[PDB]
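The data below hold one chain only, encoded as structure tokens and taken in the form deposited without the named molecule.
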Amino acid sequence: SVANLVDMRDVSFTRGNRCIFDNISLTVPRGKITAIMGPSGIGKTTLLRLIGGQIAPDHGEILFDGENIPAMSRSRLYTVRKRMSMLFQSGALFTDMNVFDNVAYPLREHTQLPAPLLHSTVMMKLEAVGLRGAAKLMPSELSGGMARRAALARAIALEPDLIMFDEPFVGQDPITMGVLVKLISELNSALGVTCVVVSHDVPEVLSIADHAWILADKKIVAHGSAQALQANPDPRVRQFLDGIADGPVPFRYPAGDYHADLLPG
């Protein structure tokens, strides 16, 4: 078996005349939750599209379960994509179908399972998102939060090995925000789904993540636990997390080597 479901090694990406990523390397450990954070417009969505093989990197290797995606043939890529699901914010629901049929579409297209069971499954997945009573409603009849939540419910319908969420918590009240955080956590726990979460709702995503990566100035500036980041003195990391420049380090007393604390000698 392979420890990192996604393994980016020395990846660079340039769009037109402007550089987006400069020789970055990160890992998405299998069965865990990885958060990817950073200032707006730095191309985190582009990073997710890179992992999904939708875009190709200029240089470097993107290993999915060991296989270099940019080096894969098209048929091989098509079959490997079946283990992935991506929720984009630009993506929209089918306007001609209601909420229920929108969430049922992936299941009817790839699940090939009995209609009573499919019905129960779509009802459960609507309950996980708080839209069960809105099954009949059309997308035009939906508010922003409801529509985003419906897109999310469709994104988790097939429960593949890897799910990538692009800002799953935006446009929601804080209680619904917590409900969605719980959704990602319990999905990962019960099914072993490897989750990559892109979010500027930093406390929320850090409350569930196993690993976190911060991106700035076309590179990776930090990674580690929430405790590690709270004790990181780097001005860019502090500027992003605290929102203010030249503020204090919240965890003022940094910690020593953890392996040495646990296993002295």
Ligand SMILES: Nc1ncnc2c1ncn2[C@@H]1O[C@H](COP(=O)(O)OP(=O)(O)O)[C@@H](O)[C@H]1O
Second form
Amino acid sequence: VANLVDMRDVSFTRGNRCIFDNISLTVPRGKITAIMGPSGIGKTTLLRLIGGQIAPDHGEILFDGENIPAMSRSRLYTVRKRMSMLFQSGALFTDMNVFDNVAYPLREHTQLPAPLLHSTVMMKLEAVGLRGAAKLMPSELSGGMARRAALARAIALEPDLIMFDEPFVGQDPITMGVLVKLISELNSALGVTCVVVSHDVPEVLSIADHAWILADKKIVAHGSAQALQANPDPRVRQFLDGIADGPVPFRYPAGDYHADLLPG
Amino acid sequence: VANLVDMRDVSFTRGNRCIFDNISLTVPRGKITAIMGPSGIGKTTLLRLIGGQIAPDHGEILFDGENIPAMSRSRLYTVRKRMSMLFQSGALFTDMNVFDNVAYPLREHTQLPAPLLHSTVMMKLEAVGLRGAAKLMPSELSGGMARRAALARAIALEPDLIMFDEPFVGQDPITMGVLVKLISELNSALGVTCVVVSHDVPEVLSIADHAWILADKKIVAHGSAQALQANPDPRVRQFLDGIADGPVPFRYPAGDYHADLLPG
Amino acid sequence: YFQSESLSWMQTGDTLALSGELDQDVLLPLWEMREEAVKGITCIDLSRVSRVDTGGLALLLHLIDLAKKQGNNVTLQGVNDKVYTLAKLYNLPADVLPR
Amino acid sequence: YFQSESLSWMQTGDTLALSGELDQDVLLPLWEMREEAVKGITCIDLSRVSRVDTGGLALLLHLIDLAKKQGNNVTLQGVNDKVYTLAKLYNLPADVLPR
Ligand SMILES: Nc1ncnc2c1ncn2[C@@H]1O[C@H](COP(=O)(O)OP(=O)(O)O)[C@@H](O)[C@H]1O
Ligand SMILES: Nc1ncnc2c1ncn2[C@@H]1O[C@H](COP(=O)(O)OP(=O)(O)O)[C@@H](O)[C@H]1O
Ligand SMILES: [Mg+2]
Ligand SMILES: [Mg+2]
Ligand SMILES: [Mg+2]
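Now that we've seen the form deposited without the named molecule, could you pull up the form deposited with the named molecule bound?
Starting with the chain above, the whole complex follows.
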């Protein structure tokens, strides 16, 4: 396959309001794909559709060629093991140290020998620069240091697809710069397929191989980073550059100003 | 006075750990002042010290020349009315519309006549571009639209000092760009004094007249935006540019790598 | 040392001259005499005002409008730079406030 | 259509040649015979390996170290480009892995 995830004319509706109007989206495997758009569009919804926790009203979501909504419960349970939605809950066991956390997946779900398993966790802790924190607990971990340990445990089983849901929010530029380089490093080395939802547009486009912009229940524009930042389109340019006024008006439609100031 | 807030050798300690080691900080009135630093340094703490909800162990916090910790409870209650800590709770009454929210402060705490009060709220709703939403409720308000209505009600009484605690987090560049221009517009027009804590370094330095960077219980460096972004200092440059490795190491101190890989 | 505020207005023929501070604490005496102070007038002279807050500008707009309802177009003369900055913030059109 | 994996190793004099895929599913037979396969050897030839995962590289490091404990320095010959990319990710020094 060329595209690990392939959405085909996908519509999704909650209650009275429609969130997606047959969207069709592509995630090529081995490359970093970015999802962007205003708050409330359905970015988190779109991720849970790929994961199988929710099913679309119409369309098909093909992971590695296999349609997720039509999967058996036994098959969806196993296919989901190739996925990892990062910075969820669970993430780290609170009763064991950092090494035991990253080692826990391989200790059970692989039959690799013990001395090689030990060296494997040491290497992956060095990947996120937390080898010195191997005996620390999540109690003591910093803000950013905790999320790097979650990333380490996520890639412990080396899944095929990793999904980040606004991973940079509330982070200083040093903490953010580390996690941006980390994601880009694990992609260019392990070949893991990454989907990144974020509002930090300049940072995510620096490592993305393909990006998507959503507005009004539909896809506004896609393409590469260089192709997008050179795209001259008012509604694309207003979002990528963060301009106060554009096709998304700064001013709510109000009517006649003079009458609102001076009535009777 | 030249500085609306003037902190003089201020130390603050919680439990076993020290947060501030006699810091001395300046907020010149009429200008925008930015506070930056890693998560957990005490930015929110520093704001509550200016507000009076917490008192320092040592030092003095002079608002308009008057020391806040030494104020009477009757005096601190009145002095705080000249302040506004924005995007707190309360912000908007949930049982009245947008116009009634922004009008509520003047309807009681000013004895301005009624037809002029009505025109005043209409103008201030136009300032944040929500004049068309005057009859809407906070129930219906968007994410960013709600925070603009809070800003409108905050400047309704025209306080002397406004404090924003990470106001841009979780915001798309359009929503953020609006709030950045709004803050800069209200400062250059009403002359309101603004303190802005944020991690979005490029956006906040575009409107700040003076900035501060904190690390290790102390002030690392201050100065203007042009003075800071041209400051060649590794620990200042690593933070302002968001570089993964620098005086803040990406790698936790670990010891000998070869032994951790190959023991016995 | 001394920071007292006052607001005064004198009508000379067809021109009304305001002088002092045009703000919230002192504007009430003019608003209560709004219809009597502006209806012989066809030009408002903010030449001699030093300070204008948002409420005082709202009073100015109502004064301009009261003269418009009479039927004579009115001029705005001598407006300070900061007042126009405030008007630009509130997007005040050419109707409510001449430039 | 066919995607079978295997791992083989042949020692020729002083050089050990690995060929196949060096990954998690097929590395066990070599680790169980690690001390017997590397101790007549002073050079490991990844010339003929096509795929190396993180666990297989860990096996390679232990194979290199087992030969170091004997007392003869060992060469690394024919390593694929992607393996070195993996080593650079894990910051593997010159001790554990010659370049
Ligand atoms: N259980 C629900 N019932 C009704 N509407 C919902 C429900 N869950 C989500 N929504 C709406 O659908 C949209 C889903 O947004 P979400 O998936 O959170 O996207 P994002 O993470 O980009 O904000 C939101 O606007 C929300 O208002
Ligand atoms: N009640 C408390 N007891 C002990 N430590 C506290 C308490 N409140 C805050 N702290 C610590 O003091 C610091 C205050 O940080 P805060 O004011 O939230 O700064 P910021 O908003 O920049 O993170 C935090 O690191 C926190 O761990
Ligand atoms: Mg989300
Ligand atoms: Mg940014
Ligand atoms: Mg904070």
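Numbering follows the first chain given and starts at 1. Here, rigid core means the biggest group of C-alpha atoms that superpose within 1.5 Å across both forms.
- Rigid-core fit between the two forms: of 84, 180, 195, 104, the one residue whose Cα shifts 2 angstroms or more is 104.
- In the core-superposed comparison between the two forms, the C-alpha atom of residue 234 has shifted by at least 2 angstroms.
- When the rigid core is held fixed, the Cα atom of residue 249 travels 2 angstroms or more between the two forms.
- Remark: with the core as the superposition reference, the CA shift of residue 147 between the two forms reaches 2 Å or more.
- Core-aligned Cα shift between the two forms at residue 158: this is 3.4 Å.
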